[PDB]
Amino acid sequence: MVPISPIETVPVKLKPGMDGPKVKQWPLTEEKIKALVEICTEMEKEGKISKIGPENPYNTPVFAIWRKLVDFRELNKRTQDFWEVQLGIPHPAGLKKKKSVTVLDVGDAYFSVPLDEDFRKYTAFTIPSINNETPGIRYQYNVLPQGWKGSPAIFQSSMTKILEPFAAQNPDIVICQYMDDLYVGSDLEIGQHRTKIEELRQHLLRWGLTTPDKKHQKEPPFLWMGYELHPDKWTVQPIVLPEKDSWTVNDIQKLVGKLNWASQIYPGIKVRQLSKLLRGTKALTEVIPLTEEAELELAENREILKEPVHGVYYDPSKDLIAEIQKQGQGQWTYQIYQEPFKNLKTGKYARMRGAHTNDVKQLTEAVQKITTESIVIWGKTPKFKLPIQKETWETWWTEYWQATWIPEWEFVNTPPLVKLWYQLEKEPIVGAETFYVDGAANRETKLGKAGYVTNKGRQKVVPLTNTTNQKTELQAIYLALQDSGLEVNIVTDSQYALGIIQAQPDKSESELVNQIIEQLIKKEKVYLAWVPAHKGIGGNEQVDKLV
Amino acid sequence: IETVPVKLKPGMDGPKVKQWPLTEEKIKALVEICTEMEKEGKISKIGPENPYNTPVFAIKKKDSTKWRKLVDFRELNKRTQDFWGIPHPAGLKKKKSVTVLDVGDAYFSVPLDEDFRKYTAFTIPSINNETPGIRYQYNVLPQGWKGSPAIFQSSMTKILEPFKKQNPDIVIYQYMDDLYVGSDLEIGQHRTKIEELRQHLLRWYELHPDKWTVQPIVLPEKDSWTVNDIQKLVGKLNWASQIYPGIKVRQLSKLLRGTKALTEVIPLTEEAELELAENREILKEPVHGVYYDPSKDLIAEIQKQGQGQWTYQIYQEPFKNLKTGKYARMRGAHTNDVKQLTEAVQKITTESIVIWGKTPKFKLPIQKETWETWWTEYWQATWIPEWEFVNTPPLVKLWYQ
Ligand SMILES: N#Cc1ccc2ccc(Oc3ccccc3OCCn3ccc(=O)[nH]c3=O)cc2c1
Numbered sequence: 001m002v003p004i005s006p007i008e009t010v011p012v013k014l015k016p017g018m019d020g021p022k023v024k025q026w027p028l029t030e031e032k033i034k035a036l037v038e039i040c041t042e043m044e045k046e047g048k049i050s051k052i053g054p055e056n057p058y059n060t061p062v063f064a065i066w067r068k069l070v071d072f073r074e075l076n077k078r079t080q081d082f083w084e085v086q087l088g089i090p091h092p093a094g095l096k097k098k099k100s101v102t103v104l105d106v107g108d109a110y111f112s113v114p115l116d117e118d119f120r121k122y123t124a125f126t127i128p129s130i131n132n133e134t135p136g137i138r139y140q141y142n143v144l145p146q147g148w149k150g151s152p153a154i155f156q157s158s159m160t161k162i163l164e165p166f167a168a169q170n171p172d173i174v175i176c177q178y179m180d181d182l183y184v185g186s187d188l189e190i191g192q193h194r195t196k197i198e199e200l201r202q203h204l205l206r207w208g209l210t211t212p213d214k215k216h217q218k219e220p221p222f223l224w225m226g227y228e229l230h231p232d233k234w235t236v237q238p239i240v241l242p243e244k245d246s247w248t249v250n251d252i253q254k255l256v257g258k259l260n261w262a263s264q265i266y267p268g269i270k271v272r273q274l275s276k277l278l279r280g281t282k283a284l285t286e287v288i289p290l291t292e293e294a295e296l297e298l299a300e301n302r303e304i305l306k307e308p309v310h311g312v313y314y315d316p317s318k319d320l321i322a323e324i325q326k327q328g329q330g331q332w333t334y335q336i337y338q339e340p341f342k343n344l345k346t347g348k349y350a351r352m353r354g355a356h357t358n359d360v361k362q363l364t365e366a367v368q369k370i371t372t373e374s375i376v377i378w379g380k381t382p383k384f385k386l387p388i389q390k391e392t393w394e395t396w397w398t399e400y401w402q403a404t405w406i407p408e409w410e411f412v413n414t415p416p417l418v419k420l421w422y423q424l425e426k427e428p429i430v431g432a433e434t435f436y437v438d439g440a441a442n443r444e445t446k447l448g449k450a451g452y453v454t455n456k457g458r459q460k461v462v463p464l465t466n467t468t469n470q471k472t473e474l475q476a477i478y479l480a481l482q483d484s485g486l487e488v489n490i491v492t493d494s495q496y497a498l499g500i501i502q503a504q505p506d507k508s509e510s511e512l513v514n515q516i517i518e519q520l521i522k523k524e525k526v527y528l529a530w531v532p533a534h535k536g537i538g539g540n541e542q543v544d545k546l547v
Numbered sequence: 001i002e003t004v005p006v007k008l009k010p011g012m013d014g015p016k017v018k019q020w021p022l023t024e025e026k027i028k029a030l031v032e033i034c035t036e037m038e039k040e041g042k043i044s045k046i047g048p049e050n051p052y053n054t055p056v057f058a059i060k061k062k063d064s065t066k067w068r069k070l071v072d073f074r075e076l077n078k079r080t081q082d083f084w085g086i087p088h089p090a091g092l093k094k095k096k097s098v099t100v101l102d103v104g105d106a107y108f109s110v111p112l113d114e115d116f117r118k119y120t121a122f123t124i125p126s127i128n129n130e131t132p133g134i135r136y137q138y139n140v141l142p143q144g145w146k147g148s149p150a151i152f153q154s155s156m157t158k159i160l161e162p163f164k165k166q167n168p169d170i171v172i173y174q175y176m177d178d179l180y181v182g183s184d185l186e187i188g189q190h191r192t193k194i195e196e197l198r199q200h201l202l203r204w205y206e207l208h209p210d211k212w213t214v215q216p217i218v219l220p221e222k223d224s225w226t227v228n229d230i231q232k233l234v235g236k237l238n239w240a241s242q243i244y245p246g247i248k249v250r251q252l253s254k255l256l257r258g259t260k261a262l263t264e265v266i267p268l269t270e271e272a273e274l275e276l277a278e279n280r281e282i283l284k285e286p287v288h289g290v291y292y293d294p295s296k297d298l299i300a301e302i303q304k305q306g307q308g309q310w311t312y313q314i315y316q317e318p319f320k321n322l323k324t325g326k327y328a329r330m331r332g333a334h335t336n337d338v339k340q341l342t343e344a345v346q347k348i349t350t351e352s353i354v355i356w357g358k359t360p361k362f363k364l365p366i367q368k369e370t371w372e373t374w375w376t377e378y379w380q381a382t383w384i385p386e387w388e389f390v391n392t393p394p395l396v397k398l399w400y401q
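Those protein sequence lines, which keep their order, are chains A and B. Residue numbers are given in our numbering: position 382 of the first sequence equals residue 382, and the series is strictly consecutive. Residue numbers are given in our numbering: position 210 of the second sequence equals residue 210, and the series is strictly consecutive.
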């Protein structure tokens, strides 16, 4: 025999203040028992497990479904935390195209990596004897058990430590690890490629690791994590959209998930109208009807999912480009590509839940998302094509009270364009009428008044029912806008209204605010001044709206 | 050469903080640096049995093209036991000039406690999550950790003993990986003294505090006032009444009696000018009963004024400002708000360190996502303060301008 190379164990401890698992063994049928006996006999012959004495106080339940199933849930509850290597998943668009890509899955995967001997005694388990007339058969693991918390991480680190020297000695190829599979890729000739694959599986064989000796059991396209990986392109596995005249909340969640998953390569996927029905969740059993918006939207989704769309792989020698389009109702869509008409991937961004908003902010947030996603996937920020004029952005960020930034970008003329709908003056307007506005309401009777007086003697007070202080304060400003010329000065004591307007929204959830905005849009020059209330400031008549 | 035992605060497990994404160049720089540091025994590769992690990224200091490794030891710092205490040099801020030195290279000579090393674990991330990243842990004293200067205190004392005995007029303070040196000499003599001190630290950023003070509230001085002018004035004075007790505005408000156009000039009555003058006299005095509390946090607020101008206020209780200022320095950030804000935060933090010996908690006028996306691109300091985000526009913006 040739002594295969050993593998250093990974030191594992239990959580501090806890001890090894001690669980009562479940009652098993005689058939199950026999099956388990044979299986564990074969395994013991292989060297995966070992028989132990009664000294070991730890025990783990085991079932049969023949295949044995050791329930390590309690031991997992009592086993330390590990640096889990799976957080987030690779994206096919991030992979750099190679002329050849081979797959080597690893058989005897976990049962080829030794377990820390000091920890083996905690993985002890027993097999119920026939009729329980004899003491159960005691076993412990000598390798990594499947289902154990520490197995994937330790297996991964061992595999890395083994693969490192082959990689270092073969920079002309690229090796990737994922669970029980290895993906090797190169731009070499097919003969030299297969050659280096052989060298690799020989190298692994030196550590006693077995790979498919025959022609490799899997050839392109590779079905991986819901993706189809083809030699020249990638896509997603076929979409599955159920159709029923009675929908539940869970069905809505699954549909939303599937549509979101499909939206990464299929452009023009919308999910708002269906997501609005997820309010009041945690009740998985329900019957939620569909609006015309939602039905037309789902029909359009079946229109987009009609014909297959493929994404390409990444080429580092070419620039990285992301283009953005406004879809309305707070919806945004984007495409990330390097060559025209050939997408690396696509996506969508929905606005956050707020009271007020404008297009520029949302666009900025979209750019943020795309940027972060890009840095994750390709390790760089893409050049942007945005539906917004340079001058628009300039004016916006220059006058905006917050700090804001967009990486390198260019204007693409594809409507609808993001524009500034109105701009407040910085100084009072000469020759413009001056509207001193005010509003007030009774907290008890919910009755109120809103109005204005101007320097030219123009006056108005309007009575209001079912309203509040803030609503009347807004209403007064709205009244000032309605009955004024193309240029107007406006004085208010409302910090609320001033805040809202200085937030510069172009759309709101409050109809009154929307109306005010529509008024602003019609205006040529508007100066909005603020003063403290109840300071005896003449013009500011709190005594006019408190009657 | 002898490791001092270090533990954590009772009831606190080690740090498990997510490592955020990095660009390829920063990842490469970090790979290079950590490869070199591994060959120098400063760090060591670890296995999956180490679940602890601390964020890490790469920067570039001033006048340097060589990358640098920066570790966000914030979570580990607040989870690390409290070390003990040296009273902050209150004369450091009173000195004419202070120079900042980087003594981080010294820390790497002192080995770290073995049992504690697993808490310093960090990860060089991989692009597209192809690998679980390159994992390291520190063997020596890590730069950025609050325990490093605390442990190195005796050593630094021993090294700086002769220089301290030599120049009793020179003040020496230490914060993290930085050494602040204050004096009243001349810039040339200053620089030669600095080369001297760095040579003394070898064999073993000009900053002028005197050109920075606290800022008074000023009122306009006009010959003719418009309605708008008086409205803004009354607003400002009303705001300032929250700070200064004797501020009254009734006689100024009396001028606004009636509904006049905003651009209309109004002559001031004698009572109004008197009231204004009194208000001025009041504002010229300092604020009543304003003390510093070491047990309380320092809060810093920053407002964007436009045209590369920024204002800031450090305080503990509202309207009780401990420090105020206005950063307007332009240096290659003419087209970038975020860069300006980052530099401003750094400067304010520096001043805060010089004055109180600790960093303030910031309230940044920027969306969380934006800041979190871009702030590491312009950061050149070895420490990192805490921050939150204000989403509502403050009205007081033009009251500091
Ligand atoms: N972590 C991780 C991970 C997960 C799944 C993978 C699948 C294929 C693959 O393959 C690659 C392996 C090494 C280097 C370059 C690769 O892919 C470039 C793109 N590509 C693909 C399939 C094909 O048929 N042809 C190609 O050009 C690498 C992988 C890595």
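Don't take every hint at face value.
Claimed, not checked - 25 Å max Cα-Cα, derived BS3-like pairs, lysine-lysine: (1) B:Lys16 x A:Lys77; (2) B:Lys284 x A:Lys149; (3) B:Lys248 x A:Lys13; (4) A:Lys15 x B:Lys284; (5) A:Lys15 x B:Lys368; (6) B:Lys368 x A:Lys383; (7) B:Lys7 x A:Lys380; (8) A:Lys535 x B:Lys16; (9) A:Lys161 x B:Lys284; (10) A:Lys535 x B:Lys7; (11) B:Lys62 x A:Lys13; (12) A:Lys380 x B:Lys284; (13) A:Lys426 x B:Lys232; (14) B:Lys232 x A:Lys523.
What the hints assert, rightly or not - On the chain A side, residues computed to face chain B include the following (Cβ under 7 Å): (15) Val10; (16) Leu14; (17) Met18; (18) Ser151; (19) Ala153; (20) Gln368; (21) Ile377; (22) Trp409; (23) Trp421; (24) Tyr422; (25) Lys535.
It should be emphasised that the hints constitute simulated quantities derived from the structure, not laboratory data. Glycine included, every Cβ here is placed at the ideal spot set by N, Cα and C.
Going through the hints against the structure:
no. : hint                : verdict
1   : B:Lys16 x A:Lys77   : holds, 19 Å
2   : B:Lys284 x A:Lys149 : violated, 68 Å
3   : B:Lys248 x A:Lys13  : violated, 71 Å
4   : A:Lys15 x B:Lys284  : violated, 63 Å
5   : A:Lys15 x B:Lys368  : violated, 36 Å
6   : B:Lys368 x A:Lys383 : holds, 22 Å
7   : B:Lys7 x A:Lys380   : violated, 39 Å
8   : A:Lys535 x B:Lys16  : violated, 54 Å
9   : A:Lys161 x B:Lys284 : violated, 70 Å
10  : A:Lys535 x B:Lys7   : violated, 60 Å
11  : B:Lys62 x A:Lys13   : violated, 46 Å
12  : A:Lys380 x B:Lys284 : violated, 53 Å
13  : A:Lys426 x B:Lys232 : holds, 13 Å
14  : B:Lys232 x A:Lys523 : holds, 24 Å
15  : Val10               : holds, 5 Å
16  : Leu14               : violated, 12 Å
17  : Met18               : violated, 14 Å
18  : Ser151              : violated, 10 Å
19  : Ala153              : holds, 4 Å
20  : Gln368              : holds, 5 Å
21  : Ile377              : holds, 5 Å
22  : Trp409              : violated, 12 Å
23  : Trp421              : violated, 18 Å
24  : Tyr422              : violated, 16 Å
25  : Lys535              : holds, 5 Å
Hint violations for this structure: numbers 2, 3, 4, 5, 7, 8, 9, 10, 11, 12, 16, 17, 18, 22, 23, 24, all remaining hints satisfied.
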